Amino acid sequence: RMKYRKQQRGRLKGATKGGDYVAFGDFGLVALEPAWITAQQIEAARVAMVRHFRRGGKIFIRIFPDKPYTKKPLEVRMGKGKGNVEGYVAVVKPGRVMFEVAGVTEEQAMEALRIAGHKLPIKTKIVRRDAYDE
Amino acid sequence: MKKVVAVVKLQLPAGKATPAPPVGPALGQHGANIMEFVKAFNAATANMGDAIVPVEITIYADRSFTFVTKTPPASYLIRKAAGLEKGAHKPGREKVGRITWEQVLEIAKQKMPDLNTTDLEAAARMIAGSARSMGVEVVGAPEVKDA
Amino acid sequence: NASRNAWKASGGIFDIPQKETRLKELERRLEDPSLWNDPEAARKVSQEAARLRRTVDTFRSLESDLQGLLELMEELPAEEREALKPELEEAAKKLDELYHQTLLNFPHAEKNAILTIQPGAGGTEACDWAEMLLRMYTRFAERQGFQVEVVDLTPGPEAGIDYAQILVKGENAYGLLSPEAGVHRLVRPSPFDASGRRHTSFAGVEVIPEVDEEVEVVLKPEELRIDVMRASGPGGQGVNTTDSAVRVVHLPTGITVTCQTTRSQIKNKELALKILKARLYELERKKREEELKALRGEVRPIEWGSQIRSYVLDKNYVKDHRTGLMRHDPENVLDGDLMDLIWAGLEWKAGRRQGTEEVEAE
RNA sequence: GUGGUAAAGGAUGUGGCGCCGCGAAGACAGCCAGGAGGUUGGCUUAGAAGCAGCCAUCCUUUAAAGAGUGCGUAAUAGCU
Ligand SMILES: [Mg+2]
Ligand SMILES: [Mg+2]
Ligand SMILES: [Mg+2]
Ligand SMILES: [Mg+2]
Ligand SMILES: [Mg+2]
Ligand SMILES: [Mg+2]
Ligand SMILES: [Mg+2]
Ligand SMILES: [Mg+2]
Ligand SMILES: [Mg+2]
Ligand SMILES: [Mg+2]
Ligand SMILES: [Mg+2]
Ligand SMILES: [Mg+2]
Ligand SMILES: [Mg+2]
Ligand SMILES: [Mg+2]
Ligand SMILES: [Mg+2]
Ligand SMILES: [Mg+2]
Ligand SMILES: [Mg+2]
Ligand SMILES: [Mg+2]
Ligand SMILES: [Mg+2]
Ligand SMILES: [Mg+2]
Ligand SMILES: [Mg+2]
Ligand SMILES: [Mg+2]
Ligand SMILES: [Mg+2]
Ligand SMILES: [Mg+2]
Ligand SMILES: [Mg+2]
Ligand SMILES: [Mg+2]
Ligand SMILES: [Mg+2]
Ligand SMILES: [Mg+2]
Ligand SMILES: [Mg+2]
Ligand SMILES: [Mg+2]
Ligand SMILES: [Mg+2]
Ligand SMILES: [Mg+2]
Ligand SMILES: [Mg+2]
Ligand SMILES: [Mg+2]
Ligand SMILES: [Mg+2]
Ligand SMILES: [Mg+2]
Ligand SMILES: [Mg+2]
Ligand SMILES: [Mg+2]
Ligand SMILES: [Mg+2]
Ligand SMILES: [Mg+2]
Ligand SMILES: [Mg+2]
Ligand SMILES: [Mg+2]
Ligand SMILES: [Mg+2]
Ligand SMILES: [Mg+2]
Ligand SMILES: [Mg+2]
Ligand SMILES: [Mg+2]
Numbered sequence: 006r007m008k009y010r011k012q013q014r015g016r017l018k019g020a021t022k023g024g025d026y027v028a029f030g031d032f033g034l035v036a037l038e039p040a041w042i043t044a045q046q047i048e049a050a051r052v053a054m055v056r057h058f059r060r061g062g063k064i065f066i067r068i069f070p071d072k073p074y075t076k077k078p079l080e081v082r083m084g085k086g087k088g089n090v091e092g093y094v095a096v097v098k099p100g101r102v103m104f105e106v107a108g109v110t111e112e113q114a115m116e117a118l119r120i121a122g123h124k125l126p127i128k129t130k131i132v133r134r135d136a137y138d139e
Numbered sequence: 001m002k003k004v005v006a007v008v009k010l011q012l013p014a015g016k017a018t019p020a021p022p023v024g025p026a027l028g029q030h031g032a033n034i035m036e037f038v039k040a041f042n043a044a045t046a047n048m049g050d051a052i053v054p055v056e057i058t059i060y061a062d063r064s065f066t067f068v069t070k071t072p073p074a075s076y077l078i079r080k081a082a083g084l085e086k087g088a089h090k091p092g093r094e095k096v097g098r099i100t101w102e103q104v105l106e107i108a109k110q111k112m113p114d115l116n117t118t119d120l121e122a123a124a125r126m127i128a129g130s131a132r133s134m135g136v137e138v139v140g141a142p143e144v145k146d147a
Numbered sequence: 017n018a019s020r021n022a023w024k025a026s027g028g029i030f031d032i033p034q035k036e037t038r039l040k041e042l043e044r045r046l047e048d049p050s051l052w053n054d055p056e057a058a059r060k061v062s063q064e065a066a067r068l069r070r071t072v073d074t075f076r077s078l079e080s081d082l083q084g085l086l087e088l089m090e091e092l093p094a095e096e097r098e099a100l101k102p103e104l105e106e107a108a109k110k111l112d113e114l115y116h117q118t119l120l121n122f123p124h125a126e127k128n129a130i131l132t133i134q135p136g137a138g139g140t141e142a143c144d145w146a147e148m149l150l151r152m153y154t155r156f157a158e159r160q161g162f163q164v165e166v167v168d169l170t171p172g173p174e175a176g177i178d179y180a181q182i183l184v185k186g187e188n189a190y191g192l193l194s195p196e197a198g199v200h201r202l203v204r205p206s207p208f209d210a211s212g213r214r215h216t217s218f219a220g221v222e223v224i225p226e227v228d229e230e231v232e233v234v235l236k237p238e239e240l241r242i243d244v245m246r247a248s249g250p251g252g253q254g255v256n257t258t259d260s261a262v263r264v265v266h267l268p269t270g271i272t273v274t275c276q277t278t279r280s281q282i283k284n285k286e287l288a289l290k291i292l293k294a295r296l297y298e299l300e301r302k303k304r305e306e307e308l309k310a311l312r313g314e315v316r317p318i319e320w321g322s323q324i325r326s327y328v329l330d331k332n333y334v335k336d337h338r339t340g341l342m343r344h345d346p347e348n349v350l351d352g353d354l355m356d357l358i359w360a361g362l363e364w365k366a367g368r369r370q371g372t373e374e375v376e377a378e
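Chains as they are written, first to last, in PDB author numbering: chain BQ, 6 to 139; chain BK, 1 to 147; chain AX, 17 to 378.
Check each hint, because a few of them may be wrong.
[What the hints assert, rightly or not] Dumping the calculated DSS-like pairs for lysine-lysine here, alpha-carbon to alpha-carbon at most 27 Å:
{"hint": "1", "chain 1": "BQ", "residue 1": "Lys-76", "chain 2": "AX", "residue 2": "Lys-290"}
{"hint": "2", "chain 1": "AX", "residue 1": "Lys-290", "chain 2": "BQ", "residue 2": "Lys-87"}
{"hint": "3", "chain 1": "AX", "residue 1": "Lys-236", "chain 2": "BQ", "residue 2": "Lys-76"}
{"hint": "4", "chain 1": "AX", "residue 1": "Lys-110", "chain 2": "BK", "residue 2": "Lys-80"}
{"hint": "5", "chain 1": "BK", "residue 1": "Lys-9", "chain 2": "AX", "residue 2": "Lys-40"}
{"hint": "6", "chain 1": "AX", "residue 1": "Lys-293", "chain 2": "AX", "residue 2": "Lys-236"}
{"hint": "7", "chain 1": "AX", "residue 1": "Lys-110", "chain 2": "BK", "residue 2": "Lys-16"}
{"hint": "8", "chain 1": "BK", "residue 1": "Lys-16", "chain 2": "AX", "residue 2": "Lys-35"}
{"hint": "9", "chain 1": "BQ", "residue 1": "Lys-77", "chain 2": "AX", "residue 2": "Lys-285"}
{"hint": "10", "chain 1": "BQ", "residue 1": "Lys-87", "chain 2": "AX", "residue 2": "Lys-283"}
{"hint": "11", "chain 1": "AX", "residue 1": "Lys-236", "chain 2": "BQ", "residue 2": "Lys-77"}
{"hint": "12", "chain 1": "BQ", "residue 1": "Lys-76", "chain 2": "AX", "residue 2": "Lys-283"}
{"hint": "13", "chain 1": "BQ", "residue 1": "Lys-130", "chain 2": "BQ", "residue 2": "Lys-22"}
{"hint": "14", "chain 1": "AX", "residue 1": "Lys-283", "chain 2": "BQ", "residue 2": "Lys-85"}
{"hint": "15", "chain 1": "BQ", "residue 1": "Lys-124", "chain 2": "AX", "residue 2": "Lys-236"}
{"hint": "16", "chain 1": "AX", "residue 1": "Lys-283", "chain 2": "BQ", "residue 2": "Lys-77"}
{"hint": "17", "chain 1": "BK", "residue 1": "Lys-39", "chain 2": "BQ", "residue 2": "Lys-63"}
{"hint": "18", "chain 1": "AX", "residue 1": "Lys-285", "chain 2": "BQ", "residue 2": "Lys-76"}
{"hint": "19", "chain 1": "BK", "residue 1": "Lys-86", "chain 2": "AX", "residue 2": "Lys-109"}
Hints in this document: simulated from the structure, not taken from any laboratory.
Could you build the full structure based on these sequences and the hints that come with them?
See below:
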């Protein structure tokens with residue numbers, strides 16, 4: 006990674022671009038609620054998913070953490086947080102597609118994609134793939 | 001007109017064996033007059049060759065057994081071809097040997113004198129099917145025909 | 017080769033009668049249901065029952081190979097006698113299986129090892145030998161087909177080596193070098209003596225595998241206990257109503273550190289932890305080396321009363337004292353000819369020693 | 001006694017809309033009978049019998065019974 010430094014917080018107004026549709030994969034996981042999802046949170050779900058169907062299909066990750074996470078070491082007011090303590094996060098607004106699974110049966114996608122939902126700070130939903138494309 | 005007690009399935013070499021486990025446990029903790037018991041076994045394997053014969057044993061009320069000898073299991077017949085003594089670790093990616101849907105037939109005829117299956121045509125898929133989920137495929141030519 | 021054959025037969029033979037009767041006690045044991053209704057019991061039952069796999073095949077296979085050969089072997093330079101000879105060539109790779117089953121049974125035989133040579137009684141001459149054994153064991157490794165990584169070397173005063181250490185890279189490097197510990201006696205006219213008389217000298221040798229670490233795993237919270245409390249001394253009203261004293265006790269060992277230097281409980285807890293670490297680390301570090309002090313216990317004799325195998329260059333003859341075995345080519349021995357020696361003598365003795373001890377009074 | 005002021009997450013609380021499939025050629029439940037054969041699927045494992053872990057997709061008696069749902073034995077049978 007590269008970018009530059011520390012970045013302002015900014016708000017999470019309506020989930021406008023906050024969202025998408027299922028790109029790849031048989032199923033996916035969508036955010037019902039806005040939040041900053043941490044790096045750790047992400048990997049938590051990932052490794053969970055794999056661990057569930059050992060030697061399994063393919064897990065996609067449509068979201069990606071690039072916002073620097075500032076934080077102060079238990080002090081007061083000089084300068085801006087050395088930050089980066091949780092490290093980095095991804096801006097997930099209601100609608101966004103976060104993980105795609107493919108190459109597995111429903112009962113596997115449902116379960117795994119659900120277990121992942123337990124690691125995420127948010128209310129979520131698992132989608133088939135209707136057909137709505139473009 | 002025959003008192004039985006408990007069925008006990010064992011696989012073994014035909015005309016060759018001893019108490020040795022897991023055979024020891026079975027007829028050991030349930031008794032054995034293997035004097036006259038293994039005397040009917042040697043004649044039931046006198047002119048009979050070696051294999052993995054599944055003799056469907058069945059203890060009697062006198063604590064004996066029904067030693068009905070049967071045709072050695074499908075895995076046995078298949079490795080009679082490839083010259084092995086096992087089966088594939090993972091029936092799918094690996095494939096230890098590749099046989100003929102021809103050889104299956106005459107060895108399957110050896111299996112019908114005990115099997116229930118009516119025709120040898122249905123006994124083609126069974127032996128092929130066993131070879132399927134055991135790490136070995138085949139080749140054929142006639143099959144269906146039809147219009 | 018008729019000699020090493022009967023030898024391998026003799027090894028397998030004493031196994032026969034012992035495991036012969038040992039099997040019969042165990043087999044009629046595995047017959048009863050009452051025996052199996054004791055799960056952990058019939059586990060170790062089926063374990064010894066299992067050992068009868070390696071017992072049977074050796075005796076059976078080897079017994080038939082002795083007799084068949086003996087017959088069609090005695091006399092003929094052309095026909096059926098050379099027909100029977102390469103039938104025992106496969107039986108020679110079956111001798112192979114036998115040997116592998118006698119060595120591989122060490123704790124860490126399979127992995128590379130670490131040899132160390134340290135001179136002893138004999139002075140400047142004693143260390144001259146240390147270097148002779150250095151090259152000796154080194155040279156053997158090349159032929160065994162192994163990579164030698166010299167970890168440390170230190171030339172002495174006159175002759176060159178007060179100490180040395182090596183890393184025999186390969187497999188079974190330990191199991192092979194294992195029976196080479198202890199002292200080594202060396203007699204000869206001394207190349208340093210102005211009179212040249214015979215002088216005994218002694219070098220030391222040791223050998224060991226390799227392993228891992230444990231540090232941070234201990235800092236795991238549920239193990240230690242952290243107390244807070246008011247500080248002591250200066251602070252005024254601050255020190256009074258502000259508890260900044262911290263004490264982390266490491267419950268698993270009871271060892272504890274306490275700190276109340278700064279005014280911050282957080283900066284004090286931070287420090288105590290960072291010191292408990294280092295203390296706890298040394299304790300666990302010692303325990304590691306304390307296990308290697310019980311490996312010094314495995315064998316750690318003095319320096320020249322005791323020996324293991326003599327090498328006299330006068331009358332030309334080496335002599336492993338552990339086995340009574342002999343030889344008359346110390347030159348060859350001091351070069352690599354060890355396989356045959358180590359193999360039988362060393363493995364045999366070492367294994368049979370500890371083995372008969374374990375199955376008879378251990 | 002929600003109202004009279006808490007969250008992930010949970011559950012045959014209750015009401016309302018919607019789509020899917022089953023049923024008078026008899027459904028759902030309960031209840032009587034089988035519930036099988038090569039098979040003991042192949043591979044590992046001391047052992048691995050639908051039934052630890054690994055790989056996987058046969059046919060036969062039939063109106064019917066999965067190379068198998070869960071318990072259970074050391075492994076069975078078992079009951080389902
Ligand atoms: Mg946060
Ligand atoms: Mg202040
Ligand atoms: Mg697909
Ligand atoms: Mg699908
Ligand atoms: Mg959650
Ligand atoms: Mg949640
Ligand atoms: Mg949900
Ligand atoms: Mg669209
Ligand atoms: Mg008779
Ligand atoms: Mg009886
Ligand atoms: Mg022989
Ligand atoms: Mg003869
Ligand atoms: Mg010749
Ligand atoms: Mg030959
Ligand atoms: Mg040997
Ligand atoms: Mg190095
Ligand atoms: Mg000096
Ligand atoms: Mg020097
Ligand atoms: Mg001089
Ligand atoms: Mg001198
Ligand atoms: Mg001179
Ligand atoms: Mg912990
Ligand atoms: Mg004071
Ligand atoms: Mg003062
Ligand atoms: Mg003051
Ligand atoms: Mg205060
Ligand atoms: Mg206070
Ligand atoms: Mg102080
Ligand atoms: Mg200070
Ligand atoms: Mg301790
Ligand atoms: Mg001394
Ligand atoms: Mg030479
Ligand atoms: Mg209230
Ligand atoms: Mg809720
Ligand atoms: Mg709910
Ligand atoms: Mg419901
Ligand atoms: Mg009907
Ligand atoms: Mg059944
Ligand atoms: Mg079986
Ligand atoms: Mg098996
Ligand atoms: Mg059964
Ligand atoms: Mg079981
Ligand atoms: Mg097909
Ligand atoms: Mg019972
Ligand atoms: Mg068993
Ligand atoms: Mg059953």
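* Any hints from earlier that this structure breaks? Give me their numbers in increasing order, please. => Going through the list in order, the structure violates hint 17 alone and respects the others.
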